[PDB]
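Dock chains B, C and D with the ligands against the given chain A, drawing on the hints supplied.
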Amino acid sequence: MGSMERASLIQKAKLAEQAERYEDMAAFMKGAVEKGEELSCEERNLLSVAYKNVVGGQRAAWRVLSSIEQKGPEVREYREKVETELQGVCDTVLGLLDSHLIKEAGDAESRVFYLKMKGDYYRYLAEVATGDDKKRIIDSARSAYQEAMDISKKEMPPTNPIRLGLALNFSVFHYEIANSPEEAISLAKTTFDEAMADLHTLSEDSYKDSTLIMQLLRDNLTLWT
Amino acid sequence: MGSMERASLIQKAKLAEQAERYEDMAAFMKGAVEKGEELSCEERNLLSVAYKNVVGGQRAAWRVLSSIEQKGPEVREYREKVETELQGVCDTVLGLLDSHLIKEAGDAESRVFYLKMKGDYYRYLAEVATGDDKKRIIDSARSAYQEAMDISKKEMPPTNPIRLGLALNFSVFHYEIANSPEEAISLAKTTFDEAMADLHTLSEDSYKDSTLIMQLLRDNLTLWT
Amino acid sequence: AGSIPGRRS
Amino acid sequence: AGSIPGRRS
Ligand SMILES: *Cc1ccc(S(=O)(=O)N2CCOc3ccccc32)cc1
Ligand SMILES: *Cc1ccc(S(=O)(=O)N2CCOc3ccccc32)cc1
Ligand SMILES: [Cl-]
Ligand SMILES: [Cl-]
Ligand SMILES: [Cl-]
Ligand SMILES: [Cl-]
Ligand SMILES: [Mg+2]
Ligand SMILES: [Mg+2]
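Residue numbers (the working numbering), protein chains in the order written: chain A, 10 to 234; chain B, 10 to 234; chain C, 1224 to 1232; chain D, 1224 to 1232.
It is worth saying that the hints were derived from the structure and are not from the lab. Incorrect hints may have been included.
[As the list claims (entries may be wrong)] Derived SDA-like pairs: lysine to any residue, alpha-carbon spacing no greater than 20 Å straight-line:
id, chain 1, residue 1, chain 2, residue 2
1, A, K90, B, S12
2, B, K23, A, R68
3, B, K90, A, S12
4, B, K39, C, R1230
5, B, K44, A, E83
The shape of chain A in the complex, shown without the other chains:
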């Protein structure tokens, strides 16, 4: 995408989302990141939406194939093919974050957003990991989420949607990856309760955003308890 203008890549990412062409969307946003400039709030969301949808489809396919495999070499070979593709996309996202989105992100909102992404893509790698580096992958996810949590608690109100989504995802990490269901439940409960107590400060539109994510926390708590 080196020959396309940054603004054109952003415009085409928005069109790709409208057309539900998420692989294209991700390629346009990778090109935009590689222009070397920082991303605005809206642009960060385009980047996340694109890759979350691409990897989300790969994860769903990997889960279908892994179930069939658990129940000739073809099933294993094809699960491995999908797994390698998934790992490649995660590595690409992590590479964008490391070169050089995180290091240039100084504001709490941007830095937390990117560290949350870093935790998420290591978590997706951990979902399929089985080898000698699996513990290190889990710890890489944990470390990214923890740094994001530390910044968010110092710099953002408890209703901030990025802070809430980070806590939501880190709680999923604890439950599904780290074998720490009590930590997952504790984090979700404390996050929900501290957000509830801060809703009185919010406008109608901010209230809607914060309560939407609070409901996602509650949905998980209902499933886990």
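What follows is chains B, C and D with the ligands alone, placed relative to chain A:
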């Protein structure tokens, strides 16, 4: 896919469908066709399912982008990119049919199936065509559907699901491509009525198949009248 | 108008 | 359990 066994390609196409990985499915089935052997009934369905789903998603995206365009150069450029990809997939399918599925298909069921596909992929090309060859593309679709119709009327009962689906699709061609809504309505009505009169000959499972497609014909008639 | 689906569903 | 969606929808 030249190094993968035919049977493994077929097995992986089935897995890809279960995982909703239709691009993979199409690539596996292209590899299977390129082994040079004829396809069984089940294998013909795998080929059609794979490419119908791939091109169906491209068509939906092209329609979103074409609507935005009708309402800088970026929208046109991106619509053109999706259009070229769509044309490439249609050309690939038509190439498989021409080399050499149709020429080796002697039984009415296989030959009608492939000629129906040929009509469909020329119809998809016609949906996006605007240049000097647009009339020829439309006529190529018409000619393929017509040959399939002629064989089906001589060799298949009026309830045969391939005969019914062919008539359904040719009726859509008349309405949406050829600007012949009366021909579309006449074909759908006569097809429906002749199938109705033959249902008494069918088993429960065949009855279910034929009535399902009859309902699709009726749905179109209700929309068109 | 609808054309034939890939599968009965 | 659910993680954050890409968009509010
Ligand atoms: C990680 C994260 C968290 C929130 C947001 S957002 O922009 O505020 N937004 C989009 C994602 O899903 C949402 C659900 C409910 C409220 C707001 C959002 C972005 C990234
Ligand atoms: C073109 C065509 C027509 C029918 C069939 S099928 O195998 O009989 N089948 C699969 C496709 O959708 C259907 C709907 C209702 C009944 C049967 C089918 C395959 C290709
Ligand atoms: Cl494979
Ligand atoms: Cl900065
Ligand atoms: Cl483009
Ligand atoms: Cl033959
Ligand atoms: Mg420039
Ligand atoms: Mg062989």
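Pairwise hint evaluation, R1230(C) against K39(B), where the allowed Cα distance is 20 Å at most: This hinted pair holds, its Cα atoms lying about 19 Å apart.
Satisfaction of hint between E83(A) and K44(B), Cα-Cα up to 20 Å: holds, 18 Å
Pairwise hint evaluation, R68(A) against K23(B), where the allowed Cα distance is 20 Å at most: Measuring from Cα to Cα gives roughly 18 Å; hence the hint holds.
20 Å limit on alpha-carbon distance, applied to hinted pair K90(B) and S12(A): holds, 16 Å
Restraint status (C-alpha distance of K90(A) to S12(B) at most 20 Å): holds, 16 Å
Every hint from the earlier list agrees with this structure, and none is contradicted.
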